[PDB]
Structures are given as C-alpha cells and as structure tokens.
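Every protein chain but one is kept in place in this view of the complex.
We just call them A, B and C in the order they show up, numbering each chain from 1.
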Amino acid sequence: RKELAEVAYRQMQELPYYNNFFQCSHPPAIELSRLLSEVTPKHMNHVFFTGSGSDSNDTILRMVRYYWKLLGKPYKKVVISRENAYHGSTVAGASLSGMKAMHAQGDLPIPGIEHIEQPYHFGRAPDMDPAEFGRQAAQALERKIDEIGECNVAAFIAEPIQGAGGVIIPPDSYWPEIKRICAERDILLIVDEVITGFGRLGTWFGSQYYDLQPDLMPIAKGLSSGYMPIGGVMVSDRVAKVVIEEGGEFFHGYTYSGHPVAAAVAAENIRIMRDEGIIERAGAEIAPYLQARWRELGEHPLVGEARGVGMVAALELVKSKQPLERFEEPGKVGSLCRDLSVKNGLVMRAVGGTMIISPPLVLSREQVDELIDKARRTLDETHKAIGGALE
Amino acid sequence: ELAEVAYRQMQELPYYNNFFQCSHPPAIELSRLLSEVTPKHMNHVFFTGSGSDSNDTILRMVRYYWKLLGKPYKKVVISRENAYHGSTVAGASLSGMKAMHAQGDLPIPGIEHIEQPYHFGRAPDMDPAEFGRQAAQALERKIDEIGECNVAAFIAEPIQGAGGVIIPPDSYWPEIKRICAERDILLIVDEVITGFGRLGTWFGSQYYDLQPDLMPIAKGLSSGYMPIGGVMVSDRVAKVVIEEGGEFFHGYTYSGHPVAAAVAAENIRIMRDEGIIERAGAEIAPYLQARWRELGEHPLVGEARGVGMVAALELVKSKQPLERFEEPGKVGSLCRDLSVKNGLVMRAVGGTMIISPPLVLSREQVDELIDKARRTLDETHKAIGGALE
Amino acid sequence: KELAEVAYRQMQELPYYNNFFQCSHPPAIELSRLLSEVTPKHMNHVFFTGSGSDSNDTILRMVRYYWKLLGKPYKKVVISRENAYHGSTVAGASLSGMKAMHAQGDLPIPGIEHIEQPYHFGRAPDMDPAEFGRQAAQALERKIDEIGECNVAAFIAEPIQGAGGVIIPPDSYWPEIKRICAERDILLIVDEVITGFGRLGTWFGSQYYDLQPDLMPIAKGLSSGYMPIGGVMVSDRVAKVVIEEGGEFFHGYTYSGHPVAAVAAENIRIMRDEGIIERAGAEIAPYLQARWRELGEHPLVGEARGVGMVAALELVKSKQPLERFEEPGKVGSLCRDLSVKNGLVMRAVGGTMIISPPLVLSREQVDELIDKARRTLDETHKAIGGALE
Partner (left out) sequence: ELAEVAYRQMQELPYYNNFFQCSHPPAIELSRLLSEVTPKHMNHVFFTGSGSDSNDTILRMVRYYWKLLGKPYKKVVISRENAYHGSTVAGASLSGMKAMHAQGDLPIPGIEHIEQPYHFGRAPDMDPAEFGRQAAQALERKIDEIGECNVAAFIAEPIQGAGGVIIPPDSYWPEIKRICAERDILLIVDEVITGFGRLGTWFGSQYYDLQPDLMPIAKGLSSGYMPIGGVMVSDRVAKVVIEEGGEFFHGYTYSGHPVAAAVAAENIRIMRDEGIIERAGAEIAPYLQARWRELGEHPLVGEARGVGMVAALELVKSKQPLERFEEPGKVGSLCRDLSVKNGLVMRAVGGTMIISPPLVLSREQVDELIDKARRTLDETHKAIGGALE
C-alpha cells in the first residue's frame, strides 16, 4: 500500500505534530482534536473512528446488523461482496474479501459471507461489449439475493474500483444497475473508500464521480495520506436515525473513539488538501494528462490492455494480443517486471500479470512523462527477458 | 492513565520524523526495529494498529499454526467472563462482555467463555486456594465438553483490567499451567493493559511466572502517545509458522508503522535508562499496596486488593454483614464523580473502585491520593447513607 | 382403550395371504395400492411409507423441495409444537416438540423449532380460552417474525395432541392458524396418524375443525393396527408443482408403498359400507361426551375434555383450589394400573388419564367403562387420601 495509502503529498510537508493532549474523553481540559468537517457525499453527516480500514470493516458489520435488528429483522444479517476483492485484513475484512489466501477453505467465509462474480473484463468477458458485462455482473448480484433471502440480506459492499487486486474499473453500466437493485429489493449500501478515499480520481470520493449515495463508507487511509493510522466509518442519516434514535451500545463512539493525535493531523491534511486545491489540479488539471499519457500500450505485444481513470492506472502483461492471452503462470512475468520497475527508476506493483500504478496528487505535467519512459523502458525491457526466456 | 503508563506529560519523543510511509522499502531509520527486553523465549514480534487489531490477527495465527501440523479441527479458542480482549469482531467475540453480543452475530464460531475468578462477587467464603482451582478447573470442564482435539488455545488477561480488577487467588494461574499442557494447547496472555511495568516486572507475565507463546501488546507500547498494536510470539509458534509459512512471511520484516514505532521506540528506551520499571515495583509499588490496604472500617469498603502498580476496592451496604447495594453503579459511578469533583482520578464499573496510576509515582504522591479519596470515602458514606437505602 | 387401531377390537377377517407380494417395477399384479378418495376434500394424490415415523420423515424432503421449485430454496425451515409426537424417526424426534427425545444439540437438527402448545389446562390456569387460543396461535406469527417469512416453509400440528395427553385447542385456536399460514404465505401440513380415520366425529380431524392442509400423513389408523403402513396425502396444490417438472417424487405416486399393506385397502371399505364412522360420529359420540364429561363430584377430576371419539380428564390433589401433586407422575401411573388391574385400559401421561376406544363401540358399552373408571376414581381418590401425598 505504498504511494496508495499516501493520498496527497510526497514528503516534506509539515503538520500540527505532537498535540501533547493524547488520551481521550473525560471532563474538561482538552483542545478538541476530533471536530472534523464534511466535504462528504451529500446526505452523509456523521462518522465513526477506528484504528484502520482493517479496524474499520470490523465495526460496519456490527453496525449494519444492529441496524436491521432494531427494525425487527434479526435476519437481514448477511452481506454480499465480490471475488478477488480486498476488503481489509481484520478477520471480518478477511471474511468480507474474496481473496483466496484469507479464507483458505475453512475458517472463512465465517458464517454470513459468500462472494459474487467480480467485473474483471479482460479475463472473465471474452469479446462482450462493456455495457453488458457490467449489467451481467450487476445482475449476478440480484441472482445471489433471490438465491439467499432478501429478508436474509442486509447490504452490499464494493470499492468503486477494485484496487489491491489489479484495477477492476467497472464497465460504465455496472454502478447504474447496482443502483436500482439496492432500491428494488431495498437493502443497504456501503462503499470502501480505504483506497480511493479522499481524491485519487476525478472528484473527492468515488461516490460523486459514479454518483452513488452510500448508506455508509469507510475511509481510513488517505485521511492522513498515509501519515497516520486512522480508521474511518462515515454513516448516512437513515442508518444513523436508527442506531442513535435507538441505541445505547453505540452512544459511546459519537461520544468518544479514535485518537486525538491521529485526527488533529488529518484535519490539516483535508484542511490543506482543500484550499491549495489539489482536488482540482488533480481532477480538472493533472489527471487527463496521466490517462492520455497512460493507455499508450501502442505496440507492446506483452500489453493487451491499458486502463485507468483519475489518479490510478494499470495494464495487463499478456503473451500475445491476437488471442488476448496470459502467460501459463500469470505472475512470473508480472512479479519479474516489478523489480524491473523498481530497479529502473519508478515504483509500481502487479497483483499477478497486472502492473498497477497508484501515484499521489501534487504530481505535475513533467514528472508524468518520466514514469512513462521509465516504464516504457521497463516494458520494452521485460519484453526480452521473457522471450529470450522460454515462456 | 490506563492506555498510558509511566509518562503523564512534559516528555519529548522523536516527533516529526518526516519519513513516514514505508511498507517494503527501507524503514528509513529502521523504525520497526525494537527490542526483545524481558520477553525471554519470545524473540519475534508482530505489529498492528491497536489491540483490537492484535487479538483479531492473533486468531488467524493459531488456526494457521495447528493446520500445518495436521489438525485443521483444532480451532476453538476460549476466554473468560468479564474479561476484555479488544473491540474488533475477533476480540468482541473473545471478550466476556454481554452488552456487545446480540442475537447470534457474536460470538463468532470457535469461541466460548468460562467461569471467571471473581472471588468477591462469585465466591461466598471458600478459601482462595480452593476458588482458584474450581475457576481454573472450570476450564478443564469446558474442554472435555468439546474435545482436546477440537481446542486450539485459551486466552486470558493476567488480571482483568476492564472488568474492575479481578485478582486470581494465588492458586489459579498455577493450575492453568497444568491443564494447558495436560490437554496440549497454546496460551496467549492479554498484555495490552497489564503490559509494561503496570505490574512490578516488565510484563504482567513475569510476576505470575508463565511462559506464554503469544501475547498482544498495545497502548503501553508508547504510553498512550501513539496508536499501535503489538502481538508477540514464542521461539516455538514462530519456528513452525516459518518452517512452512507463506501468507505470514511478511510481518516480522515488513509491518507496523515507521512513525508510531520510533516514538514507542523512544518510550521504552527511556523506561530502561531511567529505570522506572525498577522504581515502580521494587521501591514504590509496595508502599502503594501496603498503603492501599486500608479499607479499614469503611462500611462501604469490604474488599481491598492489589498487585504491582494497580489496585481497587469494592463498595457495599454493610461491611461485616454480607450485603451490597440494590444496583451498584447507581451508587458506584455516583462515587466516581465524587472522586473527580473532589480531586482524584477514579473510574467505577459501578461498585468496584479502581486506581491505575503511572509508574513515576512518589510516596508523597501516594499519601496524596489517599486522604483525597478518604475524603471521597468519608463523604459518599453519608451521601448514600443519608438516603433511604 | 387403544390407539393406532381405530376400528374393530379383534376377530375381523381381512383378505389375508393374498400373496403375489411384488410391486412397482414390472407390470402390476392386481393393483394393491389403488385407494379411494373417501373425503379428503381437495387432496387427490398420495404417497406411501412404512409407519408414522417413516412417514413424516418424507414430508420434509417434500415440503423443502416444494419451495425449491417455486424459486425460494430458503423457505427451508419448519415449525411445530411442544408436547407433540410426530414420529420417532430422527426428523420425527426433531419435529416432535418433546424434550425427552431431543438428544443434545444433534437433536433438534437445523431448520426446526418449537412453539407454545394450546394446553389450556397446564399452560393456562384461568385465562379465557379464546384469547389463550388466539395468543398461543399468535405465538406462530411471532416465531416466523422471529425467523423470517422468507425463511419459513410450513407448520405442522396434531388436530388434538393425543400424545401430549389430550390437548383440544380452544375453538378460536385453529380458526386463527388458518389465517397465518396465509398472512406469511406458507404451507400447512396436519398430522392425522392418530386423528386420522374417525377418532373424531368425522373421518379425519381436518374435516372436524374445518381447514385445508397442503399435505397430511397417516399410519396405523389406516390398517386399524393390522398392518405396518404409512400414508402421506397431498393437496392438488402441492401436487401440480411436483409433477410440473417431476423426477424425485414422480417415483412413488407411480409406485411406492407395499402390496400386503393394501390390507387397509379393505380396512376402509369395510369401514365405509357398514357406516361405522357414521354411527360413530353422529350417534354414539355425543352420548359419550356429555357422559364422560362428568367429573361430577370427583376431587380427582377438575378438567373434563372430549371430542369425537377421544377424551381425557386431568387428575388433581385438591380441586377446590386447582392443584396437582408434588410429583405428577408418581401418582398418575399409580392409577392406570388401578385401571387394568381394576378392569379398564387407560394410559396416563403422568396425571392426565386418557381413553381412545375403537369406533365400533356401542351405547351399552359406554356406561360399562364409566362406572368402572368411576370405580377406579372413588378408589384411587381415597387410596392416596390416606397417605402423606
């Protein structure tokens, strides 16, 4: 999560370090380090602090469920996720994510989790146009609910784009469908802003870009641009008018939670992410330069895909582009290209054969072309150590 | 004064380091490199963000450890009633607090609880050497119910900080040592709270002399200044996890946080040099015990107990005749504010008054908080005794 | 006197050793399994088994396969009632709301639970029955709401729990249950093994209480105790679906059961012509009821309930103040004996004396058991009148 938890500045920016008032709660004598703002998606005006997006996802589940329990349905209790999707490392987070190394047959998905098709087009959609394999994938949802029990089901999770497993930007019509089905069946909606978070793309959160209107959302990293461990959980007023108009087991966080020192920070991080307007140099100014400069796989046979939006991007290491192929072991040519990316003058990752980039937001127009000819020199390069190599 | 230990304020730590985000690449100043102080047969260490994330991850390990030996059916762990071990779903299911588990969602599968050694509220007049056993043996009666081939460990705070105090009689932890081996299981001890000079020795384990194989630390690691969670390991558990690891081959070497680290990294470095660990249990603690053993003739104080650098006492109706209020907490907390609004830091679960002072405390300071609460114990005596009880 | 058998006490010659006892696979021999539609209203198919146990067991896989082809493989769980006997098959022990068969957690199995019984004499002391019938009926709505209308698939229950002693619901009970199996849109299976074939004033107990179940199972009463055989009847609703794309239960309707069990194929016909249920229902039953309903002046009897061809009465220490003994069971079974040894065949679930006589019974044969039981009342009334009981 290097350069992806960091969501604003490279280095050398200074901050209201050491508050020196670090414990919490209790009668007077403080300075109030947790009175933060709402550049939030329009209808969200409460939130809940924790130790991480991993210590975040753990509490959403007691949330979504306490909710439906106090409305009369101690059964609307399951939640739906997707395969190959990162959703935190907390055993909850593990149950929530459809990665194969968390579950490992037993242990997880603990009671109350199962996973649906994830909209990965280059490798789960042969030639279908994009507008439908986002519909298909979106309806794959409704299948799982009529295959479970609406009065069993409680909400649906999803990062706006699956980062941590190779960018799975959704075909444009995925989110629009998902919008109806949450209204036709009437359940809840939580989005994971641990990644994406405070900018990383066109707008602030992934909500307003893709417009969606989540009942809840965690934010964690990027709140401090990696600078601090702070776990966030923003709620919607519906969800809120239930846990709070009827509660007592959750009248303590909104009374006190989180750590003053990690908060007192992000206040400036957002308060300095605002004015200077990176959010606007990032979306109306510097990003249409990354994507027009990215996606230029041009004539790189190893690349058969090249994608991205806003401030993140990726592309897939194939063997050939006539047949849209992958290597027999999709991961040897990827895991041996990272080093050829870090050992040449640029930082990049690759969940398998998918070189993934996620750079921060102060970037200018001149430090862009660099990680173009840096990777173009790492991409024309890994095109001789795998061909010379027999694979 | 609980999450923190030893350093109220005025102390300067390596703050603004301004090299902060490091996951794989060099820990700039290697901030993740700390010290195996007095863990002993515990020489490796795993980082998180808080204890809630520690006790969370401490379960994926056990269930991973055993399965590599051939026993994917040894999974269920066991805890204790009124014992806190986090607030994350693994931790909320592990802790013995009923006001978090509601209609199935907690406890998760592979969790159950046992009879907690609360001799005050659970033991009439039985000799502590006895109650220590039956509440210890209350474990063995929970393993045969399930099967020594289904159990995968037993956790426990050395003493329950978050459920008042709950000292185990001397005879408790002695037995536990026997059962945990007679049935071949692992012992993780909750250290987050008792950790770090909060008792007489470094960790709460050395006092009671046990040799756990995983402990979770947090808060105490930096005396409250920074969020972080820690998880410890035995030369054992580690060897096997690494013998044929994989998913976990990425922590002891690239985990935790570069900033919070160096801070705590300063926190302990100064607890050593300045020898607070030594001023706390050897010099001052006994005065604290010796002087907190003073319930005397307060019809409200009937129990008085303490170990190292922490203590408590219970509120009642009548001292000699066994009797307690008709709803402690309607009378305890109403004494909590009577300690702060008089001049002393004191939480109240509702009737078991507590004291969690830092390690730099001084005799005079000892004397100081005594009369101040005697005033608060002279006062609340008629505040609620003056009423119709 | 005796259950399972519902017709002819002894010496009635059926069509025995018909031999040719092969069925099903080859062309049939003489059509053993072809039985009458003698008043099930709209139920027009049937499935066969070996006994009540081996019957209800097959109603689950059916029910749960019903919704499984309407598009809701999750209406899988079913409800039943306490102090009810629905077989000794494992699902028959789970469906039966009796604790003495629920072995551990293995019994009851997933997808079953239990609700209040309309036992107006043990659950209700003086409450108005109608409301007691309404609530204990409303106790279902609660459970479904306690489980989830899209989790529940149906509900079973005995027209009168002959196994739970005898538990006639208040007149307002079932009329409300009719509504709820629609309010939540679900099925309704009734158990007629005991109540089936007379036993009540009508044929089944459905017809008496006026209802329309989706399936019902019968046994014993079919062969009047003469042959092992179990029947599981079905509605023209549930049917159309199973055959609309059959495959798993297109097997029995076309062929299942047992030839020689067609014995009952004459147990009903010879129950039809002679008009036994006829005279049984309209002629002899009303005589019996008003007469058995005569606790009169018997400090042992204070409840007196009877229906169709079946009744009971609870035994009591003192009825001026409604009472039971200090051990209902140490004394009740001390009278059944005092019935047979005195000359009448009664059973006692513990203090609730029972009777279920075959349907051929006559008028003059009514008074005979009466004084005789009375002769067992006055006796048992005073034998323990001298003890320390």
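Details
As a working rule, a contact is a pair of C-beta atoms (placed from the backbone, for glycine too) under 8 Å apart; a residue touches a chain by one contact, two chains touch by 3 or more.
Across C:42, C:61 or C:291, the residue that sits in touch with the chain not pictured is C:61. Considering the whole complex, the residue from B:149, B:282 or B:383 that touches the absent chain is B:149. Among the residues C:115, C:144, C:156 or C:229, only C:229 touches the chain that is left out of the figure.
Of the residues in chain B, those that touch the hidden partner chain are 70, 72-73, 144-150.
On the side of chain C, touch with the chain left out of the figure occurs at residues 2, 4-5, 10-12, 16-17, 19-22, 26, 49-51, 53-54, 57-58, 60-61, 64-65, 68, 73, 76, 88-91, 93, 100-101, 103-104, 106-107, 109-111, 220, 225-230, 248, 258, 260-261, 340, 345.
Note that in this section only the chains that are shown with their structure count from here on.
With centres taken as mean Cα positions, chain C sits 59 Å from chain B. Residue positions of chain A with contacts to 2 or more other chains are 74.
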